[PDB]
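All protein chains but one are shown at their positions in the complex.
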Amino acid sequence: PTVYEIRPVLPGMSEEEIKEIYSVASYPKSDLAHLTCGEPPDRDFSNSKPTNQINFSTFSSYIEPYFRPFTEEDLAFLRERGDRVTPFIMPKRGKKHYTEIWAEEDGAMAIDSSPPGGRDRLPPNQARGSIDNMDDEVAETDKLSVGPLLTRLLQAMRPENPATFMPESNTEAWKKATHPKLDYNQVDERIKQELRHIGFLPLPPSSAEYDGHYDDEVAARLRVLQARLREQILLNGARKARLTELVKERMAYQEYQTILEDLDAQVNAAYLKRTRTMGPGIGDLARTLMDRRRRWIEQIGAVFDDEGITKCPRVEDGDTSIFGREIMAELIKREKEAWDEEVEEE
Amino acid sequence: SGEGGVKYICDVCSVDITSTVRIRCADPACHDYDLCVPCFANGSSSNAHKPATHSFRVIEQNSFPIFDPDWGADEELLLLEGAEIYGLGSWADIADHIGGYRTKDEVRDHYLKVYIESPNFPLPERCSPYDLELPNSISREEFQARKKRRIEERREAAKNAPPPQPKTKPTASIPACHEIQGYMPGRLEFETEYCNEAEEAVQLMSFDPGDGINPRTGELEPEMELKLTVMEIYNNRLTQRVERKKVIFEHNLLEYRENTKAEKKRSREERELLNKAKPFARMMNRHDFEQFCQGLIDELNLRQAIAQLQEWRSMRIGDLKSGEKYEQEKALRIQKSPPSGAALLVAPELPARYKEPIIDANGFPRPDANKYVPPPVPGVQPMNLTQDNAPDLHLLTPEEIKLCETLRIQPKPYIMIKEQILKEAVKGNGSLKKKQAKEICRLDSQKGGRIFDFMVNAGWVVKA
Amino acid sequence: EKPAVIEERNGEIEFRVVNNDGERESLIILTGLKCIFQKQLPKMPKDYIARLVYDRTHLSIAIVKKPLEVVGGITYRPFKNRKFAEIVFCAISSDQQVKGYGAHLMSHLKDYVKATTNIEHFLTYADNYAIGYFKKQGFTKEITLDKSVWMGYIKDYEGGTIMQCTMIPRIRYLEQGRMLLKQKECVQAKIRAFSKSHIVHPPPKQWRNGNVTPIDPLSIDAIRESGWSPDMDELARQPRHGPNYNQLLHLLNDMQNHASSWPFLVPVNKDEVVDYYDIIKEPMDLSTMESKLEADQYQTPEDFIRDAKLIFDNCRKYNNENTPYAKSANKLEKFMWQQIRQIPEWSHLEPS
Partner (left out) sequence: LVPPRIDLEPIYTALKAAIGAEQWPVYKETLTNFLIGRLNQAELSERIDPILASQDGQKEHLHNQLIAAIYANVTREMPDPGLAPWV
């Protein structure tokens, strides 16, 4: 007469029929499974376990530093931005070669290795010779130059794949024109004046550091790295600012919990004595501690109601980063403003 | 005996006849008088049994297939009786009771196929008792012979069967297989937790039977509410344990060896910085913490490299190779009296990840924060150009340094020749004849020709 | 129907499945179960039981009286992804044990798990005196699950005896009685439909004249159609196990139950100790002798007596007399000699 098998369950079914299926006349409502740290990885643990464990004391001491309470001592690590003046200096080429200063401890200067072509420590930046002395033999030796400014101007051109067609030069009247004979020390000055007239060079003071080797191969690397450092400091500042924003609410929660726990301990220890002596009516202290605990919780803890005060964002949830661009941009802008203000003050 | 069955013994020979064909006297004068077939064959009579004029009944053993060809009525009945006694599921005892050397696997499969997993429901077999095809299909003699042969073969095999291997020590789970004293990866539970002494306050709690609500007030009586209030704290302690475990699982803090090795490989200042930045891991995920630490390390390395280069530039060192040479010689001198990040940033070739701004122009940080070939002129051997030999090498364009090498001419003479040719061309609208350039160069014909072709291809002059 | 069934039908008792959610009734039920389990397992620390019962991952099925009084229940932790569940506690109050609630409670637990999830196998570490109950409820001491499924997942318990039960799919254990009874009724009706024992045959024709002489059973038509053979007639009187299987099983259960035979329950591990095998050329334990008995290698009781004596001798040889090992071995010897002396047959085998 009765059903001999177990009926399968279906979603959204009435409680009475649920109990009919179960036959146990009750069941938990919340499975409580969402508090699981995670389903076991479903592996094969039969592999021979290691024969050398690490004493749990060492592991506890190893993980202790990650959970210590926040203090004002570590609230000053962040809020510190460091030095921002010295790294952004560009020194010039030094006078004494490192070998000489090294020799400036004993009698090791007896040998002079001044380059024959590097007289006066400036082999370049000294126009010398003219096309009259040009020869195949000398073409292999840098005995002839044109001066610094003219060299830079000429190399400023760029090769494509005519460029010397001047507007009115095609006329025989221009063809008949003559010219003087200048010299490199004069051509450089003339080019300087011309670029002054155009606007590519500063106007002279109201009434050229070619010896510093400022384009040296080292200087380019120094400039690159200085740009990178100025780039990174702002990002570090933004991240530290966000961390400061979070740490303060965390500290407030710490200060609330450290007072909640004392009441918890007192109310817990004021009942163990009842079991110990086995008694009778509840004491006045045990009656009035519960109201105090409930008042504290229900009133004060409402402020900390936000869920994030005790949770650690998980990667699996998705874009849970606390460093979203939409806020990092503004943090970086504010940090740059602060840096500019400090520079103006400094 | 724990068995609840009934043992039947003959009333003449006192021999068990429960599992054998026997004959019973039907005369009312004899009550429960069972005679074994040998007793009713040899005709040994006792008490009031009269084998001369009293009718008898033949008790058959019911040996023939009904459900399974290899199983008879007696075996099925023993199966069900054991299920009643030994319980439906305890297969070893029921299999032993049935007999026939049917291992627990065979009995289990038989019961499943015949009753549990079959084209049938709790009404056994196809339709009804009227179906008698199987019993008539095989004669009783053939089935008995097959059973006897099987039993004899199994008995001989068991007599000659190898002895069972002794049971080894039971395979204890020992959940401590992880590389940590007191951790159970299969359960995700430690053996010593955060507040393992939290149970010390609730391990003696007892509740009054049948209570819970005041019979008068309708509110929980004072002792009940006091007892309940000391469970909330225990639940909160459990939740705190859970949160601590959740933090531990992320960041891979369970890898002692890897983390310790990585910490060892680092230098002193980086180690101090990481130890200072450690506490903030609780508020970030894995990637965020990795980016934070990497950014700090990158800033430190950049500062070190910039300081090193500034120190170099003041000693008159004019190239990275000579800088490294000087550093080696200074190490050797201070002795007389893998490479680190600061040593990679100053390498002659910069790392790829330092050739683009970290945060773009519009203020948003990047997501990944942390040619004309002149022919070789005959009889021309190119000479390598070195920064020590060529003073003004760092200005020539890449398209012209190849020509300089191929033509065996130093930079400054090349610049002078370029200037002279440019002046001569510009003076005359930019057009000149090939012999004009050949004369202007004042060198071998091939060299002047090649330089003129390069210039005209570039576009700074035009051939007349 | 046992008294438990009628009590349940009339509302005297009622079952509840409760977990540590944080309600009022759940806490009362869990605390009652904790108290009962602490009473029945005085050896294990109370803190361990308190932690296990009040856990957020275990379940609990309890039998609750009308004035909210708990009589007994079971605790378990289901491993859903591995298709098996662990039973960690089980007990019924001693004063109310006579009613017979154990079978009903186990049936209810099995049915609930079967009709709520998709688990198959139950693994448990049975007590030393609940083995009879577990065996009667379908469990067996032999494990048919692979080592990888239940290693590193379940927890060891010193002094326990692991067991495994494989549920039979798509059956209702609560109604097992009526279903099995109907199956038995159909089988019996089928047997009766062919049995010829209802025919009252006349006396043998050879004996009709008053003379009694031997008669071949196969000669009679009824017996001939019955398929009787001398071979099967002689074979049916030979028990599967040895004739002394029942008595030796009584003795084995008695000695295993005895707390004085704990060290010999399981063999010594080769990894833990190396010299145990090097010193003893005939290492014997209770499991090995039990298996050999199952193999019928022991032809005479002298074999079992010698095996026990050699177990004691090996225990004394590997462990010093001063150490408790050999003293406990000699005490267990006094115990099995006690049991044998209680048996008149084996009393004369004691040497002088």
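Details
The letters A, B and C name the chains in turn, as written, and every chain counts its residues from 1.
Just so it is clear, a contact is a pair of C-beta atoms (placed from the backbone, for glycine too) under 8 Å apart; a residue touches a chain by one contact, two chains touch by 3 or more.
In the complete complex, the residue from A:47, A:55, A:170 or A:193 that touches the missing chain is A:193. Contact with the omitted chain, checked across A:76, A:156, A:278 or A:302, is made by A:156.
Of the candidate positions B:395, B:456 or B:462, contact with the hidden chain is made by B:395.
Only one residue from A:35, A:101 or A:166 touches the chain missing from this view: A:166. The chain not shown here touches subunit B at positions 394-398, 422-423, 426, 459-460.
For subunit A, the residues touching the chain absent from view are 148-149, 152-158, 160, 163-169, 174, 177-180, 182, 187, 190-191, 193-201, 203, 208-210, 214-215, 217, 220.
Note that only the chains that are shown with their structure count from here on.
For the interfaces A-B and A-C, the C-beta contact count is higher for A-B. With centres taken as mean Cα positions, subunit C sits 38 Å from subunit B. Centre-to-centre spacing of subunit A and subunit B amounts to 34 Å, using the average Cα coordinate of each chain. Centre-to-centre spacing of subunit A and subunit C amounts to 68 Å, using the average Cα coordinate of each chain. In subunit B, the positions touching at least two other chains are 122, 174, 177, 185-187, 204.
Shared contact sites, meaning residues of subunit A that touch two or more other chains, fall at 4, 35, 40, 45.
By the touch criterion stated above, subunit A contacts subunit B in their complex at residues 4, 35, 37-38, 40-41, 45, 47, 49-50, 52-56, 59, 62-63, 65-68, 70, 74, 77, 87, 89, 91-98, 101-102, 123-124, 131, 134-136, 138-142, 144-146, 150-152, 154-155, 157-166, 169-170, 175, 179, 213, 215-219, 221-222, 224-229, 231-236, 239, 243, 246-247, 250, 264, 267-269, 271-272, 275, 281-282, 286-287, 290, 293, 310-315, 320-323, 325, 328-329, 332-333.
Of all residues in subunit A, only 2-7, 9, 21-30, 32, 35-36, 39-40, 42, 44-46 touch subunit C in the complex they form. Across the complex, subunit C meets subunit A through its residues 14-21, 26, 56-57, 59, 61, 79, 81-82, 108, 111-112, 114-116, 147-148, 151-153, 170-172, 174-175, 178-179.
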